[PDB]
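Please model the complete structure; the sequences and the hints are all you need to start from.
For reference, the chains in residue letters:
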Amino acid sequence: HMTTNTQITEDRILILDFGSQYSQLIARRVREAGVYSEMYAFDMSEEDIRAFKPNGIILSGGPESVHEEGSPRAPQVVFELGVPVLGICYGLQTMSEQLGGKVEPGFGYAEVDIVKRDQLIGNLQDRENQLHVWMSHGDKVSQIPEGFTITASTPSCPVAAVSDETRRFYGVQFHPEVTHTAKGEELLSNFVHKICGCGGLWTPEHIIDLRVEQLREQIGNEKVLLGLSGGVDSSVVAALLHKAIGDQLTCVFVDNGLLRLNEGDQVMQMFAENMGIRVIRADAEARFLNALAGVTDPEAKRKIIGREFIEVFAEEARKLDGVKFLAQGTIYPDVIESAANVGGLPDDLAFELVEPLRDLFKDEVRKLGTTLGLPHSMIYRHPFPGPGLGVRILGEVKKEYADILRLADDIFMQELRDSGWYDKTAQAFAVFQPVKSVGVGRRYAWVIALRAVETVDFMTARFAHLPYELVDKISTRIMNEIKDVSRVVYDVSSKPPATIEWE
Amino acid sequence: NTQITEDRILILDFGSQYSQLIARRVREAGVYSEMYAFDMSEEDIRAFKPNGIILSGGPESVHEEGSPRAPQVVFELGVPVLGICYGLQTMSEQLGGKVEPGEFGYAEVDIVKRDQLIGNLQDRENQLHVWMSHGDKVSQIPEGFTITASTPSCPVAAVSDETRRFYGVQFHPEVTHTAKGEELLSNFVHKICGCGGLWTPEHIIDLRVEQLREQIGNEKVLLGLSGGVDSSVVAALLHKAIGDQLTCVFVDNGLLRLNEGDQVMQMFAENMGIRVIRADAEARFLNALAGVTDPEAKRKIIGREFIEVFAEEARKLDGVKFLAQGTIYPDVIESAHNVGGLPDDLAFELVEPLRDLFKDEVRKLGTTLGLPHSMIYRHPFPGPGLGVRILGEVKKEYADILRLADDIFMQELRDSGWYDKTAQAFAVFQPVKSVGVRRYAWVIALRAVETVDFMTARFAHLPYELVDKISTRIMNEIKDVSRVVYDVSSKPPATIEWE
Amino acid sequence: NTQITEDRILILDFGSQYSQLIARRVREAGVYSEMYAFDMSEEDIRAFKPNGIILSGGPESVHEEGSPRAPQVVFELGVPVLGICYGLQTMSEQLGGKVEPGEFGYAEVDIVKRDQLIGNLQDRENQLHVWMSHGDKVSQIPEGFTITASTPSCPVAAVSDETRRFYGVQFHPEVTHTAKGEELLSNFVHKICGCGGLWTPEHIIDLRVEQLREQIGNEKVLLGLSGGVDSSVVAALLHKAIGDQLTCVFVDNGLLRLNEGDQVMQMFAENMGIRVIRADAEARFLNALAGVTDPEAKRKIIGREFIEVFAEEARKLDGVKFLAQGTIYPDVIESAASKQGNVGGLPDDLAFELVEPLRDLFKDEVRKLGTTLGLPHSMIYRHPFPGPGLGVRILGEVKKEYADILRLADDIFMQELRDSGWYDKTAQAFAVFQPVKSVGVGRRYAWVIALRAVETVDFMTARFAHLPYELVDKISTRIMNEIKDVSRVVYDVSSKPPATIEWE
Amino acid sequence: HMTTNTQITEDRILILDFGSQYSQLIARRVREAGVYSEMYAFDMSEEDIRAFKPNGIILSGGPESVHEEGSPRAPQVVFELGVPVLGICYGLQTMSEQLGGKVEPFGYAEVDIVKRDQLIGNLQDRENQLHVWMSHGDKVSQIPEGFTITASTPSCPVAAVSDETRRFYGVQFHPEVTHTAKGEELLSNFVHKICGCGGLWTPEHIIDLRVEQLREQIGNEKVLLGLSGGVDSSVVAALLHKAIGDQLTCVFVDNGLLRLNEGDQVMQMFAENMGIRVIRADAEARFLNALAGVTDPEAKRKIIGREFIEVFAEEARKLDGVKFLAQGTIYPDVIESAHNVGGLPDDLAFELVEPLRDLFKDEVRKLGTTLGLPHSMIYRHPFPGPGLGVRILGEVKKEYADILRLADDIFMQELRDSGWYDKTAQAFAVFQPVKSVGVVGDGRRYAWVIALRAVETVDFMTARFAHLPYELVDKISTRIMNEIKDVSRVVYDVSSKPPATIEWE
Ligand SMILES: [Cl-]
Ligand SMILES: [Cl-]
Ligand SMILES: [Cl-]
Ligand SMILES: [Cl-]
Ligand SMILES: [Cl-]
Ligand SMILES: [Cl-]
Ligand SMILES: [Cl-]
Ligand SMILES: [Cl-]
Ligand SMILES: [Cl-]
Ligand SMILES: [Cl-]
Ligand SMILES: [Cl-]
Ligand SMILES: [Cl-]
Ligand SMILES: [Mg+2]
Ligand SMILES: [Mg+2]
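So the sequences go chain by chain: D, A, B and C.
Under PDB author numbering, the residues of the first sequence are numbered 0 to 105, 110 to 343, 357 to 456, 460 to 522, in order.
Under PDB author numbering, the residues of the second sequence are numbered 4 to 105, 109 to 342, 356 to 456, 461 to 522, in order.
Under PDB author numbering, the residues of the third sequence are numbered 4 to 105, 109 to 347, 357 to 456, 460 to 522, in order.
Under PDB author numbering, the residues of the fourth sequence are numbered 0 to 104, 110 to 342, 356 to 522, in order.
Since the hints were derived computationally from the structure, they do not count as laboratory data.
Hints may contain errors.
Going by beta-carbon spacing under 8 angstroms, a handful of chain D positions derived as facing chain A [said to hold, decoys possible]: (1) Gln6; (2) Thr206; (3) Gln272; (4) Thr386; (5) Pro391; (6) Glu431; (7) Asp434; (8) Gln443; (9) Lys514.
Don't be surprised by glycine CBs; every beta carbon is placed ideally from N, CA and C.
So, in structure tokens, the structure goes:
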């Protein structure tokens, strides 16, 4: 039969991960440059490496040191396939060791001097014949392998960049995948395009074509069920499936009582009314509040909420007839992290999995949704935890507390959006603390906490630099408009040592 | 492809500064839209075939003699009409109502009847947090109308006649300050007016590529390439539509940022495979600017020499029928002479692939085509470049210093994530000196602003330690700089650029 | 030394929130002053023998009947009189003028005649940058008056009758918002009223030491010593005046900051050589507070136990005639509003006579006195500390476990504020213990500390402090990293109004 | 003859300076504790040390290392006088070296208290600990015999020591800095408990001492004082007025480089309010003429200093029979770290009166407060000798000074109004002779660009640009642009010291 044209993944880069926290950034930067990419652990089998058919290979950094026994090595086939190879920091060091060089034992900015312009450096520079890079100060290449030439250096790091342009092996002692390296994108672009010969077909407009066709091929005339939350990933999945298979899609939305003000109404408005998708709404507030009654331990709260949600979803799924497929919003980071019953549903339900985002990074999901016409407010919304307000009401969850928190959180959101600071944070939300303070008669009422952070990875996060007068306007509004709130505090704890959510 | 503009909304402009926001929010909801002045002829309104009409706000009063009125055909086509503030006031007056003469501010309106416009929407229960227009108010609603929302000060905050499908609000749903404003307008264009959702970046690309191939055929097109968002998206669209028929001319006027010319060539010629001719004209611009201190004279000189350099490059090409420009829909709305301002011997026909798009639609288009974030979300760069960021006489010595200090500024803003948290940022060279440790050297100024429209702007809320990091880097890495200052002047009464 | 109060200015209060600022500005200009309600009896005013009278502003309108007026004796003593806002309006009415009916704002007034009040003063040339009270204006100036300053919007901004020496301004010279306000009031008390400048810290010390020796003689005096500014300055003054006749009792109620008791003993007993009896009462207060969650009940318990501990210590002393207290002039001062409404609160067996060496002094004068006597900056500029101490900074039940944690976190906060220079850039700063927990990182599940810091001049309105971002981050990181039982730090971002400064 | 009673300086501490930038802070904390102190270089002669009669000696820190060649040593008599000695960092290290110990070659630390001597006493931050500002580097590897280690860290086993028989004390951290939480209390235990000193060095007693000393020096003779209105000359004026009354004459010179109405304000306070004889010399035209065409900042400073002395000398020559010139010299000016009177022409031969020359800056302020001088006078930021002459970049012109005076005044008004004046150590406007565009409604402005400068600092050796609130700075720039037609734009100096200076020229 006719099958989906997959031309836009023919050009591809393989990233072998040696342990660096930046390894996924390499893969993401290749995709931003218009080239398909996948990442695997360094000990990827030779069979899989050949079967992948890479146009080029990038060896990431890692927290290891080659001169220690049992240190990671690249598979030898990497240097024998006849395709270019780029080694980043440790990747450069293990490339040197395995090709006749030597590595001698030993993070910050450095200005490397361009001593030879190969095809990786090309015409690039910051200051003249220099590159402002993010350097890993540690191990260094003591002797470059046969056929290599030093292309860049610093006084303290004489081997900052090298290349054997006959075998097309390249290496840098700095990280081009991070923003701290000013020409990092441009360097990686030179590697995948000029050096590896890859085109630029991996773009949102082409990915939509590919994925709609692949979905049609997988699903055919069959029905697909989607758990719809209104988060970015499930929203784009719903839009993709609606475009692909139309009314063969059915969505189930569960209101667990732990959502923000009018969130359920908003999900129905956008997906059922605006977009014309079939959406079943399960209103389960009382069930969740009952399951949570008297539960103060946060881990127990998270367990209960996850369990009741699965039960409610399974109940709704059982009312449907002849649904072969369960769609989920799995993204490529989920799949990378797993290799480092379907849907977790009870066994009476037997779905096959549909995962249209499973090969996409988070920014690609957003670009896809924008291309499909999904509005800014939906695509750029901050993440919302699975347990919802269940982990933003400290200790016991009560309906009275959730209702107050919804009002206070909505004021916070309104002011962030009106002022333009919503998109200038990565996460923001109110927290209900079940303690009271005095305010002016003289009344005595709950203390609300505001949480807002700046981050790119959510692995480190700083409390947000919100303007003084914005914060003051928000706290004044919360206290003036909610009789049950005496006082507002702001979380001034960064990650680490604090977490982003309080529970 | 042309099916994607068949559903369409007409916005009649009564003078509000928010009128274009109405048209933009319709497009964001997935429906094509156009905006015209209120006095649109009945012939043109009928020809537009609107699925619905929105009457904007405005700074006029219905009771004043000669005040604007909607042409009565608006209420006779049998399509829904939404009046916003003045649009509702003139709607009431022209349908047998009364308006009582009377500031902007927030208001909590009470929902009293849930019609098709309000629907199920609310903020607090049965309320809406809105950006209210005080002053003139409807005192008697026309026959067939029902009050749908109110405030104590404003008993007629919203109304509808759902038989004739006439809707009205006394607040502004088109601004962010009305919490459910997007949703109210969505109910109007989709639920009330029956419009679908085909006006999306993926479909707009297909339509515009088709239209470009129809206009251009196999003929050649010339494009002035700057690197700004508009010219970048035009270049990508044209490259897709007509391939090798496109020729770009990029002019390095000596007033660009560090390595800017190399980066333009790297991206458009090398990465994207577009034919780009680079005119290196630094000496020409510096020679023309030498000894010229008046900023208006500098701007005139730079604009004149740019056109001359562009004309000289264009004359070298053979058989080019078309000149492409990055005109956007706000440019056409504002407009309502040789092509390109070029000499008479150059007679091009105009190609304008973005002329029906707003700024954010242009960016969504570029993103859909795979253009990188750094290109699409770049801050604007003025025509005269560094020529208006070097106070008084422009000398190569000053431009070279400024390029280094500006580059440090940009590096720190991008690295810290604050580049995208400002609307505009750049360094300025002041030809004055101060002492440092002994050093006597130039004083650099940093400019950064927050704004959504560039009409009013506040100086940016950059974190103290980021600014300290930037000034310390500049002073430590550039021997010729003694000190860094930060522009703490908002617009108005300061302009964004210094010259 | 009593000469230093012979020159004196009387301020009649018509209800303005700035009325006390007038009296304070007079004292800063070196002239003794007192403040009373507008309805001060004529016999009292004559007995006061003022060298000049200032009629303050007020929240009333002269056109509405039932509104306050000044006693005519004010305009009949032959001493200069200055009317501020409402004081100018009622002066105009009662002297043959008219006031028409008409909020606060800045204004540049034009000087049209340079009398003794305006003098050679100006901001921009022949102008004054002032803080105006709009609303009611003077339409007809009284006879004998010349208009001395004006605005387009307010043609009568300042007046004077230099033969009768009656002066009036439509703006408030007593507030910082008026750029030349100090200098105008200086021209009034010195040039116009002839007052000298003897009311200064060095002379006040000599007068007060002399008066204390006259009141106390060779008798014994007991002082409750808290470590706050007022009690510290009382202790220093009494030590100077009566030496070994002074006995201090300091009570550690278990609700003080880290090492606070040791610091009181170090400074007052060790350094200054004063007799200080230390009552270590932590267990007693914690036992009385255990299981008590209501904040009003906590305050009542703490106040009751403190008096009981103090009384038990007072009973151990032999033949003590006087109890000294840190009462200051704001505690006693007569307002237009305050007029509209056993010693030490001790048991009956304890009958002391009251000594109040600061009762005629404003807060800043108390600090200047302490500085003059050599008390260190850290003692004189300490933020206030509430009577109930940490009792109202631990939400709900007070436990030793919570107080110990709070002391550690508060001490870190104070260290960084004093180190960085921001302690003196706030009016009040402290940590609060919230008995709620949050997750941290192995996983931590521990208490959430709140930090409170405000900026204010009067404590009637206060904004949360503009602490630098990186300082707050340094404080929160230290607290979380150094106290195992704290997971997270929050910052109170609530201003007054509508929030209070203390949480309980 | 009866001479001034100097009992309040009998108790005294000698500080020997080995080169630390914090050495003066030691001397200042002793005075804050109520004890007179003086500081001299480490190589103070035995004769002078004995003549000083110290009740205690503190050996300061230093950048040197005991084992470098030519490294400083304390005069051995320091350990032979029978008075207590405290060594701070290098002072501890050289104390150990010279008493038989061994020395083996900046950040916070929590030192563990292991033995409570009379220096540590009952002090602690966290229980049995001290939060201190440590000097990582040279460590005492072997304490002299008779010493006990009193405090330690894991990385610095010898953080504090004492031999309480000889009363020698030592710390590896700096108690004189604000970074050491209990630093004041530690120094207080040393000067009071350990050295037995009282607390008579207080503002009220200093006033009595200095007034009597001034009367003894001056008698019935006349005194001339150059009066600028700065804090030091203001306190000198107030002290001399109290001491000698109408024997004092002041001369104030308006050099045309002062702030708005500054001359009027000097006359208003000293001549009118305080009743002091003040001669006013209005010399603006003279200074502007001398500065015409001068762009080099060092030439401007030289010209302004020279012309000021000439103007002052002319006023001084009009006075008959004046024996004394008073100056506002303070102890930092004199102090010993590791020419005609007043710099006047030779025809003027004054004897010097210097009532503040043994006082630190904070003590000068306390004296002024004691005398009743207003807060605004006592806590005023410093103002440079050359005035606005170094705040107008390049050539000084009357047009620029007049504009700058208006801009600076707006800045000061808002700082004082908001309470942020006292929350900075220095603040001023700068006139840059460059222009930029503004929008004034439908009209275009093209006018000068004003810079604002404000810093936070304690020592003026390092200074950070001030953390002024966003909305306050916006209020200031809006006011300046809206009230001064000749200003298009306001910028804020965001350069800290180092690598920038506080003043621009
Ligand atoms: Cl809800
Ligand atoms: Cl962010
Ligand atoms: Cl987290
Ligand atoms: Cl360049
Ligand atoms: Cl912005
Ligand atoms: Cl502008
Ligand atoms: Cl304690
Ligand atoms: Cl404050
Ligand atoms: Cl309060
Ligand atoms: Cl002046
Ligand atoms: Cl400061
Ligand atoms: Cl400096
Ligand atoms: Mg509900
Ligand atoms: Mg204890």
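Hints, one by one, checked against the model:
1. Look at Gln6 (chain D): its Cβ only gets to about 15 angstroms from chain A, farther than 8 angstroms, so that hint breaks.
2. For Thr206 (chain D), the interface hint holds, since its Cβ comes within 8 angstroms of a Cβ in chain A; the closest pair sits about 3 angstroms apart.
3. Among the interface hints, the one on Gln272 (chain D) holds; its C-beta lies about 6 angstroms from the nearest C-beta in chain A, closer than the 8 angstroms criterion.
4. For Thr386 (chain D), the interface hint holds, since its Cβ comes within 8 angstroms of a Cβ in chain A; the closest pair sits about 6 angstroms apart.
5. At about 6 angstroms, the closest approach between the beta carbon of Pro391 (chain D) and any beta carbon in chain A falls short of 8 angstroms, and the interface hint on this residue holds.
6. Below 8 angstroms, beta-carbon pairs count as interface contacts, and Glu431 (chain D) has none with chain A, the closest being about 10 angstroms; its hint is therefore violated.
7. For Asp434 (chain D), the shortest C-beta to C-beta distance to chain A is roughly 5 angstroms, which falls under 8 angstroms, so the interface hint holds.
8. Because the smallest distance between the Cβ of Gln443 (chain D) and any Cβ of chain A comes to about 14 angstroms, over 8 angstroms, the interface hint for this residue is violated.
9. Taking 8 angstroms as the C-beta cut-off, the interface hint given for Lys514 (chain D) is violated, the closest approach to chain A being about 15 angstroms.
Violated hints, in rising order: 1, 6, 8 and 9; the structure is consistent with all others.
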